[PDB]
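Single chain ahead, by itself, as structure tokens, in the form deposited without its partner chain.
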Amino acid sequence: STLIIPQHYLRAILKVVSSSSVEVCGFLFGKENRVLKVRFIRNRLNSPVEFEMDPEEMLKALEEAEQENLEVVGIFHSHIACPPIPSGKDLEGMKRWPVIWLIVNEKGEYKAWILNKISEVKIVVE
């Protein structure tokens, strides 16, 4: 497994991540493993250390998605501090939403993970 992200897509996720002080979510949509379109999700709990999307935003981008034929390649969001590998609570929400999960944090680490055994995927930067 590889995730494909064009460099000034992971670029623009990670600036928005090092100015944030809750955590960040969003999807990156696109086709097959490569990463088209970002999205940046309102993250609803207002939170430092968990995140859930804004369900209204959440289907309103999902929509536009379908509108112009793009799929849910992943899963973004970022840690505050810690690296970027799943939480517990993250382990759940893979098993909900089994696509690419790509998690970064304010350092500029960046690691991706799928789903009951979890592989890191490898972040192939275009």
Contents of the next structure:
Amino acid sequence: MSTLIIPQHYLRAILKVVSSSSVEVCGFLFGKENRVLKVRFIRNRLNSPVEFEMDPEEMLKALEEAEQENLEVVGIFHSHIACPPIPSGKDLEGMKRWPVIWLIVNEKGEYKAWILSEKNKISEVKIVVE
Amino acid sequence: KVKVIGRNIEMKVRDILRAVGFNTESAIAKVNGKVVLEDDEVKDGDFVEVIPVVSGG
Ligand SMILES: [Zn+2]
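Having seen the form deposited without its partner chain, the form solved in complex with its partner chain:
The next block holds the full complex; its first chain is the one shown before.
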């Protein structure tokens, strides 16, 4: 894709949850094409300020729920703590397994979105806050 | 009979996970639409989905 369309109230809520969390937050962006219609936070089973891994049971329940609603996974979101919202090498491997839009945010309210092409090259994607 | 979701590409379940590039800690599997554990027996005509655990930092 080339651009992420996300409603303001969802983006503001993600930033607020992140602003007061001591560990990395993670979740799904569900919708159609490039547009976010639903958000699901998922437990970070590492409970860590520097890495995240989704609870597998919560993840699967969320994907099955979205399937019932006829929604695609538009993207994944997660937070960084005390560093800018740029994909890390750790993010690179997860983006290979889930090659959708990756929204990264931090506790200072910064956010950027990224995508991994078939040539395994990352490019930034523009965000429109709806 | 092996669909890995995310990229959306199409014995016991531990071997079918290692056969497609994962282990029990990095993916969750469901057979015929039902969750299964690592040493659960796989049958010849069943349908398996491999769900990579989203991770990063
Ligand atoms: Zn990251």
